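Quick one: the structure is below, questions incoming.
A single protein chain has been omitted from the complex, and every remaining protein chain is retained in its original position.
Each chain carries a letter (A, B and C) given by its place in the written order, and its residues are counted from 1.
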Amino acid sequence: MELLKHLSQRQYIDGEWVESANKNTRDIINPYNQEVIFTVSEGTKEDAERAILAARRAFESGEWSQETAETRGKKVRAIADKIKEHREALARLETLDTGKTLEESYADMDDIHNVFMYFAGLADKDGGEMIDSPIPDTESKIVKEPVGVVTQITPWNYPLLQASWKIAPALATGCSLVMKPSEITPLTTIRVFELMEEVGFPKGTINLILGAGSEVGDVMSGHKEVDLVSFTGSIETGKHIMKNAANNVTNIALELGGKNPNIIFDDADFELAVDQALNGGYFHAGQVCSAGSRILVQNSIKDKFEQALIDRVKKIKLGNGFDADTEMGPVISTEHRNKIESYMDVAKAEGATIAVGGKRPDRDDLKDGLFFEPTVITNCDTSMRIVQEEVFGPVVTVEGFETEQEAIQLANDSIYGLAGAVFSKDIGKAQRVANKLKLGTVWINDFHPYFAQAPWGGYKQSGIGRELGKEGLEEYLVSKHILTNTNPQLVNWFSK
Amino acid sequence: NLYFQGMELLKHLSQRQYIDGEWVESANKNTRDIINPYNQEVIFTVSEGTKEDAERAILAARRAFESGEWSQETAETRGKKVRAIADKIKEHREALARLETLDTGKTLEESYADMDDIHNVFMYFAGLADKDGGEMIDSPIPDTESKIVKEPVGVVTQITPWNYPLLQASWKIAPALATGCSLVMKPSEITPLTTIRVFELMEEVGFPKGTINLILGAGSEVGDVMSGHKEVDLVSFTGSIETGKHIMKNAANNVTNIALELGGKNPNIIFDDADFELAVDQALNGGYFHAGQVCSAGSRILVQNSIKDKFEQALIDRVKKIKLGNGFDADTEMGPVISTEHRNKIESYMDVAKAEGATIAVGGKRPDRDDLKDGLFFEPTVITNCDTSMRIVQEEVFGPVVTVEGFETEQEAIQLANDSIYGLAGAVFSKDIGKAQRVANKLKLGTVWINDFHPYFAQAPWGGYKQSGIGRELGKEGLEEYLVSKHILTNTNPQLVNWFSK
Amino acid sequence: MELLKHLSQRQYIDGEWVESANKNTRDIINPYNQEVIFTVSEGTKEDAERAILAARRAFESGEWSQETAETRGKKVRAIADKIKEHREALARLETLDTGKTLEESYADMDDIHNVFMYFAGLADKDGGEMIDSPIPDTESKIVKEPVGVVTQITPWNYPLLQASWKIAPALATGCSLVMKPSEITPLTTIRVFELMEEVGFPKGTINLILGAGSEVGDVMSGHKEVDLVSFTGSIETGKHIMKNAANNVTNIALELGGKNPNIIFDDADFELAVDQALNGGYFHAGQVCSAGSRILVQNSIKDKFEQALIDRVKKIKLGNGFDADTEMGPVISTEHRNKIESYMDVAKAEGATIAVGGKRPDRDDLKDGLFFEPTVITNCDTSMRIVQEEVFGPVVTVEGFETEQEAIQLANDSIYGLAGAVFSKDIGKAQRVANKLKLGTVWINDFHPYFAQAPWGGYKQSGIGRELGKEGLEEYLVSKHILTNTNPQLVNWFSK
Partner (left out) sequence: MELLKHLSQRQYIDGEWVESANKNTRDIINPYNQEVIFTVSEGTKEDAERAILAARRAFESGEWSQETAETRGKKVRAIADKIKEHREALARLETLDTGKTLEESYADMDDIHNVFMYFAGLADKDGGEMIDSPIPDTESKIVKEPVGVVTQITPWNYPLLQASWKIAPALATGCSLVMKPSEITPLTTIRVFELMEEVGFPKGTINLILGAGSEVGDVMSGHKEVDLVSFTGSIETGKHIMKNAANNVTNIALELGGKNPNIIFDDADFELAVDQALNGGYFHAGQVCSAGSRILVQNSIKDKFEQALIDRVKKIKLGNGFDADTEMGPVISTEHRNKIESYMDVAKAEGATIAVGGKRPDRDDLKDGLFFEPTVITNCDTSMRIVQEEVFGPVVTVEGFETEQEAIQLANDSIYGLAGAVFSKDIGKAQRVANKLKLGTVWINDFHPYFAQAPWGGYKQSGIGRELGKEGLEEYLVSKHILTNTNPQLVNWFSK
């Protein structure tokens, strides 16, 4: 609440904080109590176009695109320092907006700092290659250039984190960007723009559009001047975006959902598996793309595991993200909670069992909030929708498997392939499994970790491209082969 | 004679599709007649596959990929197989070149050069197969091991054009096999000859059942299965912009990656301080090799005003002497265009140009000469008095046609050259190399040639900026379209987090 | 014997097969029976100089150094094909010259083929980099060039194998080379030069000097025109070479000996450990740089292990390398056998036990040959010379250890660091150990494997630089930074 007293309420376009073209606004809600906490501009599609054209003009002027990579790196480092300096405030702002615990928000800010720092350090390390030309008397080189104008669209679950993954490499490479956060959670994204403005970037290099994807999204994906669309969100929106981007053969980087398996063998450290099954399923109320919603447990320990998990789920402390006792916060919106509730009806209807949870909590201090009980669904199989689809709530399904081959089959039996885990003390076995899983990230005896040093993204329908790591940077670069003939000779193919 | 020998080849050439290790007919036994553009005679009849055939191939590729017979084979061994394919190309170099000239109509010498490139393309990728399996990352988390493993992407569909059939096919096949993917290829319905032949050769080398598949058919009938089937992990397409957009939209249904190699409106920038005769020679080469039916064609000539009049005159005079004829005759400098339909598009573009106010300085019609009457020939053409706002300048005609525009300054040449939706390739001619470098840096093109025109090679990536494409072919980047990264993170000292209560 | 009827007996200098400058010769001996089997030229130091000057002239002419990398790659591939084509004959020639089994020689030829093929494929893959310059209006690039003239010196144990590791990358990069094999084993090296000549290389690009290192070695290491000395041999010779190479600040790549540990935990697959302890200690009669001469076995199974090993050592079949029943051949020379024998006296004198072997075999069919029984030395410790020094014979020492830390400490307690192994079914433990071992190569549950795809070399005193892999190629390249100022301006630091 104090934090918002000086926070900007507007969009940032072509170096100026401006309102929506039609002065329209939107109320931002705190999911803990559903109170309106802040009011921001609700931009129009013309605002998005104007931002894009400004990014284009700025890119062509070359003030940022022709700046030395070393200097661009120092600026990105400066942004990183700002994140660390305002770490406390940013974490509170994110907990206020998304509802997750304050400790989870602090960890985000540490990651974000590191994300910017990583890309700041990578900026001046690889400018292309020299090729040994197969043509005598020619020089061949590949220069890597910033792709140009980039649109960046993020989700509401980890707003600033997902924003950092896009902004950092865009600025490091010299691109101009136009970013639009989830309409429902713009707070930390607004704040980071204020911070980037303080660091100082050329007019038009960075732009912030605030609005609903349904209104402004198509301009951002289908405008002719966009060279790349980087999107993190749901599969249906990503498909739509890709179809639209095709109108101008615009490259896309998509970071979509997952149906991430958490494979638990009987030779796994049992208490560790239970601990990590809870972590995997319920951090941020399961509103995490890396969530371990699909638990695969070996039959010999399935019954014992289900019991232990259920018993633990019954003790999970729900509450306000600002209270240190809180272990799980509310879900993001009314709409989202409704989808979760409909999924419970779907599960019962297909023949599955709600072993625990599956409803709103009764407790007094939670009535006003968008809470939903941590849930465990049993007696289910791969043919069911509750197992195949991304619920994105505090819900997990438990399936049994007999053999190592069967666990692999089940784990890969989904349209997705973002991330997953394998728990077993037999490391050789965990490696065999990891190798056969069609997942962008595989954890052996762990669950959730990602970091700037390594690429993150999907196999199959969890995405296209990668974020983080050197590959994350490559989404923002384009190669140019400049071939110079040092002893040009007439070919005389067409008779003189 | 050389014609005769090319035609003899057809009597042993397969007429069918290659699916799941078997040469088979179309599911409905339908067929198609292949035509030689030099005389329009039917020269061969092949199967015309159905969409079900394409699905069956895709499912076979999937089954083969999952069995691991190729995907789990050692990279070194995969490299040897790809090298074996390369050796086949060289061994059958003569026959393949004649087959390509017969099918596409381009000169035999141009076809020989293709076969040399193709050999080298396979050889390059054969050598690259076992060189980079991923990375070891220094993890920021103590007591963890972090590594990135690069795996073959899976099932890949490959679609090619009629201009340089085997060349474009090699750019896709080589890295696919080198990385361990399974593939389903469909060449242009109009030119399947060399693609069929290369499959016979790949079969001789020996690959596991389903690893390679050849579908023969029209993109309008089987294309959507190849781009929109759930089991496809990557669609690699080389063709026109409209088809590519359609493909990308369809591939989106399953969030399927795409690599697109589309057209271009490639500038050939000529400064007054360029070696004049060299610029004229390369303007002709740029515009008329393969009758301008080349994606790297220099259709848009930008010449500095001080030498524009002198240049136009020299170019026109040279265009009047270009020898047209049969690709098999050594005297032939330019062959026919590929089809009736395509020649008609070119003819309509001449009407478009006159209607916008441009001038057909020379050519712009079918040649009269007797020995060319039966063929799909079209005269090499030069269009003058035109500007960037015109369709004849902005759009890819893909025929033996070039436009000439003047420019005063270096900045103006860059602006005109970048004033198109495309960005595949281009050239700069000037003896002032520093200037050519400044220009090259500002051109939004995947490939820029300084004092040259046309060269590409396996060692370096080829592809577009802007609407000329997505992704790259050739070079290490060409191989990366066929790989997918996996981050395997191992916690070597796992500890409970105890976030959730007791 | 028939193989030698057409084999050249001369040196190859500046495109010509020539005799020694003083017509001196040397008799080559078959260690199986000590019979003279061939006579070759014994070159003079002036021959070595002439070769070096020819390599220099050839390098400067640019016929090979300026040839396209792609074409160079095809030539190296052609050499590879020759190896495969003459595989049978080469293997027999190596068994005749070195005395190792024919099967071991066949495996060498397969490796060699692959070594050339690997480097043939690597030739045109990396010509340098484009750097993002921190100075505005400048272009910065790094071009990688062949280093120039290279001298290559090899040992008698695996003559052609060690030669291939040097020749392949030298030719692939465009260098000129002068090679000198061990004076006692020149057969396969001569043959490969005949084969390289058939392929065709420009005059002076390749040169073969035949002679004793004590006579011609110093020219090869200390001549001003040499840019790199690549040496594979013993530590003392390497030190001498490095000292001499210093006279002209000449780069060196050294591949020296080792005291390679073979660590066996009690949770190792017991029979596998015994099998690999034998393999590690007795392939090629222990005359291998990767030999597992130092066995470290966990105390709990030490007694059982020693007994099993000893019993197996007593059944090792000695004989002629050409007989299929032969499991271990003779040692290379009288001199070398004598060193091994004196090491037995050294061991007894320090208080160690010759548990088995330690002498020449009695059997009739072995009397004439340079045989020495496979040996096991027990009751020894790290302070002993028999444990610290490279015997390079069919001999192994057995030391016990209690803990994982103690095994690491003992394994690292030597001046060397070439290779080693860890045997345990607990893979996590084997990884912890592997990470702490100061060895260029570590095998987990295996012993001996190397391959072109990966670099091989030492930590500590086992060497300087690497052979094989991309790093192997880098020993033959030198970087040049070409910086172009595209907008040169006077600095005017000094008064006008």
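In the analysis below, a contact is a pair of C-beta atoms (placed from the backbone, for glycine too) under 8 Å apart; a residue touches a chain by one contact, two chains touch by 3 or more.
**Q** Could you tell me which of the visible chains the hidden chain touches?
**A** A, B, C
**Q** Of the residues listed, B:82, B:148 or B:460, which one is in contact with the missing chain?
**A** That would be B:148, which touches the missing chain.
**Q** Looking at the whole complex, which of C:116, C:156, C:443 or C:476 touches the chain that is not displayed?
**A** C:443
**Q** Among A:51, A:91 or A:120, which one touches the chain that has been omitted from the display?
**A** Going through A:51, A:91 or A:120 one by one, A:120 is the residue touching the chain not shown.
**Q** Among the options C:3, C:21 or C:427, which residue touches the chain absent from this view?
**A** Only one listed residue reaches the unshown chain, and that is C:427.
**Q** Considering the whole complex rather than only what is displayed, give the residues of chain B touching the chain that is not shown.
**A** Output for chain B: 74-77, 129-130, 132-142, 146-150, 433-434, 437.
**Q** Could I get the residues of chain C that touch the absent chain, sorted low to high?
**A** Here the touching residues of chain C are 114, 131-135, 138, 140, 142-143, 224, 227, 235, 238-239, 242-243, 245-249, 251, 254, 256, 269, 271-272, 275-276, 278-279, 282-283, 312, 315-317, 327-328, 415, 427, 430-431, 434-435, 439-446, 449, 451-457, 459-464, 466, 469, 471, 478-485, 488-496.
**Q** Considering the whole complex, not just the chains shown, which residues of chain A touch the missing one?
**A** Contact residues on chain A toward the absent chain are 70, 73-74, 77, 114, 117-118, 120-125, 139, 428, 431-432, 453, 470, 486.
Here, only the chains that are shown with their structure count from here on.
**Q** Taking every chain's C-alpha mean, which one sits closest to the mean of all protein C-alpha atoms?
**A** Ranked by how close its C-alpha centre lies to the overall one, first comes B.
**Q** I'd like the Å distance between the centres of chain A and chain B, where a centre is the mean of that chain's Cα atoms.
**A** It comes to 35 Å between the two C-alpha centres.
**Q** Residues of chain A touching 2+ other chains?
**A** 131-135, 140, 142-143, 427, 431
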